[PDB]
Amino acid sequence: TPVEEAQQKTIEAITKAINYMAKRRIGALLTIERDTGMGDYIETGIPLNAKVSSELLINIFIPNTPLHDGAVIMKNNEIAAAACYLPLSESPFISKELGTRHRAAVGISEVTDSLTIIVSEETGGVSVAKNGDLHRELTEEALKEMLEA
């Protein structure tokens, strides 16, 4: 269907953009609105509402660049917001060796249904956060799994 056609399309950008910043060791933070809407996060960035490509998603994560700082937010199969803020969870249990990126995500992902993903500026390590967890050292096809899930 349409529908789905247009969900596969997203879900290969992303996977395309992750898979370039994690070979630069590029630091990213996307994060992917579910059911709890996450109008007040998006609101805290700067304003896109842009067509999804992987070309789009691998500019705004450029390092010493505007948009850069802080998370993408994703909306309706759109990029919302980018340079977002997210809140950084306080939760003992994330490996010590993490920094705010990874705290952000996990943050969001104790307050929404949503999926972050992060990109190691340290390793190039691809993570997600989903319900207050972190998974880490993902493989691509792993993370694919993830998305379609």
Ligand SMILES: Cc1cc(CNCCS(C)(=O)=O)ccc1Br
The other form holds:
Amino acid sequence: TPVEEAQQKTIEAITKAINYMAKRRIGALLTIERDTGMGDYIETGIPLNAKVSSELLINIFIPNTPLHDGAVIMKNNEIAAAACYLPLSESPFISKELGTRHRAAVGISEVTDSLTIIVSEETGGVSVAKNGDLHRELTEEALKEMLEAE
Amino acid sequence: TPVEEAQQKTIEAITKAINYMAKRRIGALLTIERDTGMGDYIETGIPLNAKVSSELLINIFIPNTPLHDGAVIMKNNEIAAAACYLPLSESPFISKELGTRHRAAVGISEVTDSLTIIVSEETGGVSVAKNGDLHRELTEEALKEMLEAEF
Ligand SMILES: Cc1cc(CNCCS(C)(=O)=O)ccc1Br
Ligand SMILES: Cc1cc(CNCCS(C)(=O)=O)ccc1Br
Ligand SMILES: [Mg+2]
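Any chance you could show the form deposited with the ligand bound after that form solved without the ligand?
Below is the entire complex, every chain and molecule, led by the chain shown above.
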């Protein structure tokens, strides 16, 4: 169906962008809004309401640029805003070598049903936060399975 | 009016981005669609249909990134697409030292009523192409007045 084709196109755009950033160890923080509304967090960032593309996702997270610090929040198959604030988790069960992007991802996942993807600037490792837990060191196939399951 | 206020915000976003890129010698090519529709050229790029911000404009043109090569085309208060093709002018009144961004800007200005802004990656100089003419070495005040008059 059109809706199904659109969802797969967006998943492919996300995975292509994450692949690029993982290879270059570009830190990234990408939250996909689900049933819990995140308007309050979207409003803290720079409004985009942009079509998804791998190219735009990559350009947003280039280090030392206006849009790279903070989270991209996606909603309704669009990039709603970039450089958004997310709450930092206080969970004592996050690996202590991880920094602010990972704690922000877990934090939003504790108060919403959203799915957040994180790329580590230290290792290029890819992780996903959902329901208060962080799933670390994902392969490309694992990330795709999570996005399709979501 | 809201329309006028939105126009003022878009102009401020553009000028802030252009000033940032000029200072850092970030090459940029930004065409503002006017009454001649530019859909044929918009469709050659990556669709964004994004709200304008100085931050997004800057992020688009960072060198060596997916979106930096080609023109950004704006439709009113939106960035319609990035990395768009524009036709190259063969006008003899384009300074010989200038490269493809300036020739593309003059080229689209010959077949549309659009206004195109160019930042030179060589010098940081800012120019505008309109109606087949290239106006070089603009001050910040001159660019803002051109944009305000264009709206
Ligand atoms: C999610 C994902 C993961 C990878 C694997 N990264 C490799 C890092 S390594 C071999 O140094 O440990 C690639 C693309 C995507 Br998309
Ligand atoms: C249009 C504009 C012009 C300037 C003047 N910069 C001229 C000096 S340069 C970059 O060539 O070394 C500043 C801001 C805006 Br906005
Ligand atoms: Mg002069």
